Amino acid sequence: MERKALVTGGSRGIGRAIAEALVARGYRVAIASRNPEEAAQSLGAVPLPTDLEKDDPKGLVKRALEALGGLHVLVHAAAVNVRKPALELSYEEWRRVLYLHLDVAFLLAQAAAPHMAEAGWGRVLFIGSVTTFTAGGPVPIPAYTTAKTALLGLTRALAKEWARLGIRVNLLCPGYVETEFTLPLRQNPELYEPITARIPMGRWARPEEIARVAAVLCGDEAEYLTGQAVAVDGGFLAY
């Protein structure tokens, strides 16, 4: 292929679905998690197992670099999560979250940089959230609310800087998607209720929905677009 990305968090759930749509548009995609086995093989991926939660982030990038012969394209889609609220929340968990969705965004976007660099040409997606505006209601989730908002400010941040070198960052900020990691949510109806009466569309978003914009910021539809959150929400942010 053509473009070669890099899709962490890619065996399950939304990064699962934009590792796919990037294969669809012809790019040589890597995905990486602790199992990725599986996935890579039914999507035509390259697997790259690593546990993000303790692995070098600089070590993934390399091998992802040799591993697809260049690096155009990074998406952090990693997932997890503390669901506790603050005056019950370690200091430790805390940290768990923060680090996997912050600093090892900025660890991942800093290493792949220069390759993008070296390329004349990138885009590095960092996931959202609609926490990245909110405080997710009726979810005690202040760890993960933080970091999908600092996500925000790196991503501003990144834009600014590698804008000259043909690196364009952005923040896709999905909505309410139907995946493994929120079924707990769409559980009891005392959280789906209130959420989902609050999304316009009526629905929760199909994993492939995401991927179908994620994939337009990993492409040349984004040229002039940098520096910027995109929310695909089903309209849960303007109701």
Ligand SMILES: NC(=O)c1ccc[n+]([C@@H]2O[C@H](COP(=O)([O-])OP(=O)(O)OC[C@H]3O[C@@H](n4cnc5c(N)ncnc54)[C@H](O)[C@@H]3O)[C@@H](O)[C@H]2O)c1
Given for the second form:
Number of protein chains: 4
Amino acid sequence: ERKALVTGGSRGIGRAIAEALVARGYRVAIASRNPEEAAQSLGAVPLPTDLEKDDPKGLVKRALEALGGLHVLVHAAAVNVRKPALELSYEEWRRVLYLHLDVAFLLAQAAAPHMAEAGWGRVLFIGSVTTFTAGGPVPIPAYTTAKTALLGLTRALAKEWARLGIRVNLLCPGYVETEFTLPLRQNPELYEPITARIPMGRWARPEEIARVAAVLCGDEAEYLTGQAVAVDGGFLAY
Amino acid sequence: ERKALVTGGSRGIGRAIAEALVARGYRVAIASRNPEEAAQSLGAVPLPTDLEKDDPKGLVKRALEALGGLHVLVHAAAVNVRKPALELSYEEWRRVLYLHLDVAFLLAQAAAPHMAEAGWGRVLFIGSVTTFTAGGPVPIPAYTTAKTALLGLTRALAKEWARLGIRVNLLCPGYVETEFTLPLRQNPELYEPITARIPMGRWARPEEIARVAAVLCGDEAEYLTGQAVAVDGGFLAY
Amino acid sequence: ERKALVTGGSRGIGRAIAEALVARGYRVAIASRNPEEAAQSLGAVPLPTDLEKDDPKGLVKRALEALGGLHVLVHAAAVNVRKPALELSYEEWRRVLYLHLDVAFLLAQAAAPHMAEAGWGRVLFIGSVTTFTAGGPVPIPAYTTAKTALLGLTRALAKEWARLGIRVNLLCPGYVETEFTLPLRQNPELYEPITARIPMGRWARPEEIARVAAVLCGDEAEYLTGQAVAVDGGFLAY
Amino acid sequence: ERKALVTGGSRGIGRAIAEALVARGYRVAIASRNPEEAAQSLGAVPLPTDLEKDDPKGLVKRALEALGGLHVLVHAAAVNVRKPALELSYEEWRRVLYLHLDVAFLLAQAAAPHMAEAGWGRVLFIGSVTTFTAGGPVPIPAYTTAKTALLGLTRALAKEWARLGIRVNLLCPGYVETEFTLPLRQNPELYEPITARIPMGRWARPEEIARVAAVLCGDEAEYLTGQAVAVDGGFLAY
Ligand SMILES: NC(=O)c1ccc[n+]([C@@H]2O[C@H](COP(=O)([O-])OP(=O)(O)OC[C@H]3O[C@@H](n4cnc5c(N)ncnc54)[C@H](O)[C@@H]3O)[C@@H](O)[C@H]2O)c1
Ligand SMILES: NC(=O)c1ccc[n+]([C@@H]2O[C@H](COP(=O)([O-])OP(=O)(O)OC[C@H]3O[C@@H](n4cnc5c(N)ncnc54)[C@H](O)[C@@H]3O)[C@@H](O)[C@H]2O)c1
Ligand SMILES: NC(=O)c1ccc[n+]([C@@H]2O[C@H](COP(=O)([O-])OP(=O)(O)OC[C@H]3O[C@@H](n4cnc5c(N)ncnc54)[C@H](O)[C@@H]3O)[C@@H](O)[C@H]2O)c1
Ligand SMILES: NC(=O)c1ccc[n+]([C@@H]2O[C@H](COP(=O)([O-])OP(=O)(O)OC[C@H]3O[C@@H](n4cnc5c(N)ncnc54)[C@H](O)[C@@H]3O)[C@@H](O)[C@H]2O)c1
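Condition change, the form solved without the ligand to the form solved in complex with the ligand:
Every chain and every other molecule in the complex is listed next, the one we just looked at coming first.
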């Protein structure tokens, strides 16, 4: 019955979220460049797309048609350029901000009318501990800016769409074991100082993050909107 | 199998949380001055106590004995003195801070060893939108101070007990329909300006708040600790 | 002796900041489309530019040449498209994000080497109460997103440039009497609900905001960096 | 002309603040157990008191009489019990909360009428990075709770007293070189992991913190109230 679109649903956190939603009985479509294999394994509809180039409006239209509706949107598609501000080019800055922020806006804007028609919707953007900090030993100014910007977008859309039955929140994972953060794990000068600040003493498994994502995509969030929810093993609280 | 103690479990939010936990299969004990009737209706163990006077350590000991263990602690017992700072006496200030904050510390401190023995625990303190604001048109300086203090306590205990398998979080409800907030609802100069700032356009039902409380008292919060989670219909985001 | 560039220095807050810096003995250059008259009145160097189109790098180069150095950067140039998310076009979204955020990054990136050479620098971005909220009754999703994004950029640049002697902060004014907010003041449904939330009971004068801006552009901020400083008459605290 | 009372004014940050206020032409009184020597060196009026036992109301009365008025209140008196929550006794918990929080409330409550009579006042509470975190490797749950509670009190009093001409803020210093933090500096396992997170790469000198305190005790803060201002060398932003 609930129809969901998960971008970045072929790997890591996005895949875990798609998995959790399927487990809840949702009909799910995953979008990535080569989603076929993961979709078949997952029991989801594959929607091939390059979100760094393709019109987000088109993906939402394809999702609506493929699923027979659209109630949930999760934007997990990931990219990054880990360079200090003085080294980063404007092109690289825009590449990161476009996929993380602009596409978030465009996807949500396109999906909202469908959720409104159903009188129920859930938009879940993915933030980071960098929504509240600058990444510590890691040089990620563009990413930090984009993930913090998402909290403003979250509040803004939540405010405007609340009466339409749509809830908009920002899931902020801590340090999770996925391919995206391999560079962090392979550099002791990055991994050790960071992990020393995680009270639980370990990084998260994608499925542990997805447990909370599912909640934010369900009836549990009926009165929860315009908020960031950090699932970081205690990192920010340290 | 999971054993839970819910103070303030005979009415409002606390009762709704106790209800939600029983629905999850948890064995629950509710503590309030006259919990008998609610406990029988709820399917919970009654633990009569006046938390404004009785040693919190004693209540935890009684809960452990009554339930055959203790994995979850929810402190919802409520009181307030709605007077401006210049009118408030030190006694009144202490009355509010004691029940909301000191008792939170004492209950958690007493419960932690039991959760640690089990290798799994959940502590849920109850915050407020006043954990982030001063209550707007309502004169509640002591309450605001206590609910904000709880976020510091939440971070502190989460940091220290993470390795013991205990998660500590602060559920921050927005404006909820309970007896505690009747004064707000019966004064147009309070109710209208506040409600105009709630994007969803309505106050919450206790059960809607409890849906999230249950999550924070379950496996969904395995990697979620030291955080405030606001369930306010968009109020803070407005 | 300290050389400062203030974009948006011909009117409102930017003009007040330029004024305050000149009062501190700083040599100031103001940038706007037609800065001549204000510059002459102010005792500042005029730098004509259209920051919605002209390469930010070029403006910084011109400022360095005009002032004989560059130690302080204040980005106050303003624009907005007050339309709800579902009405806003991607072009309009980009127009707001470009001037408020992208240009902030580009200007700071270009100015940093000059501040580093001097071993002392101050970057002051201008945030808003929308860095922490969604603007309440005002439909400003793009602006909210940009002003919140600036806090991430502030933290990121502050972290990377601290050792170079540069401090980076975000001054977040509340509701100020300038031409930019005239639309808010001329609509009772906007002005009254907002002002009712300002404890001081009145909007700010640009010079009152500039008093704090000057501090963040001086030696007082030697150990203050990567922070937002809200000057809002108590609005956020309400 | 402006009269100020600085508790904890004989050493460290409090002394530096008293010094900065005297430099601004304020008539200052410092309160500590043995303030005589520092007061004479400082050019301030000594007010002997043990704030862990003596009625705060009495100190304010003595300050009013000694200074011929009272416009500014800075509460820097310090104490701490660095023990984990499970080791900490309720007495120790109360000792920390009383001096840091209860006394802050009592002093401000007593001073407000004097500031109101003058139509101008400044209350400056002292927070910490633990107003936003749990202290990292340092076991300070009571202190963390108290310093976070102060932000709630700050917002609450700022809201209620804004119309009286009083501004109330929370100065949150990072890691400062004073006797109070010697234990941190003498333990490599504490000092190194903490300092590695300070972008500026060094701890602050008390006078650097006082530069900002003075601003919050002056006309610069005319429109700044109910806020925390962190002066931490970039620690929180890291
Ligand atoms: N890994 C972490 O520790 C961590 C922490 C906080 C936030 N996040 C956020 O979580 C989200 C998921 O990241 P992850 O770690 O699971 O990454 P991942 O590398 O495991 O997965 C990235 C997904 O995005 C997809 N993708 C990449 N480029 C794409 C494109 N051009 N078009 C469509 N899809 C594309 C991939 O195919 C994949 O399905 C991101 O928004 C990321 O910034 C991750
Ligand atoms: N109602 C709201 O809108 C709202 C919003 C944010 C936070 N909260 C918080 O939620 C919690 C619950 O409040 P609520 O609105 O459900 O209140 P409520 O009046 O509905 O219930 C209060 C509970 O505390 C109990 N209680 C009162 N005094 C007690 C004592 N001395 N010893 C033991 N138990 C005692 C009552 O018997 C009852 O079970 C509180 O911590 C409150 O501050 C409420
Ligand atoms: N007015 C408020 O209540 C308020 C509140 C919070 C934040 N702010 C922020 O403060 C800053 C200043 O706004 P303000 O209210 O003083 O506005 P303003 O209208 O008074 O001044 C705007 C300045 O930007 C300049 N400008 C506009 N377009 C430009 C362009 N294309 N190129 C170069 N300069 C251009 C103007 O010429 C002028 O000097 C902005 O960043 C704004 O978002 C304002
Ligand atoms: N040192 C830091 O790195 C740091 C960081 C953040 C916040 N703070 C806060 O700054 C404030 C000042 O601390 P500090 O580091 O300058 O400490 P300090 O040890 O240098 O000075 C403490 C002051 O409090 C006084 N004092 C102690 N007990 C007293 C009592 N019973 N009655 C009256 N006065 C008493 C002392 O005599 C002294 O003047 C405190 O509120 C502290 O928690 C300090």
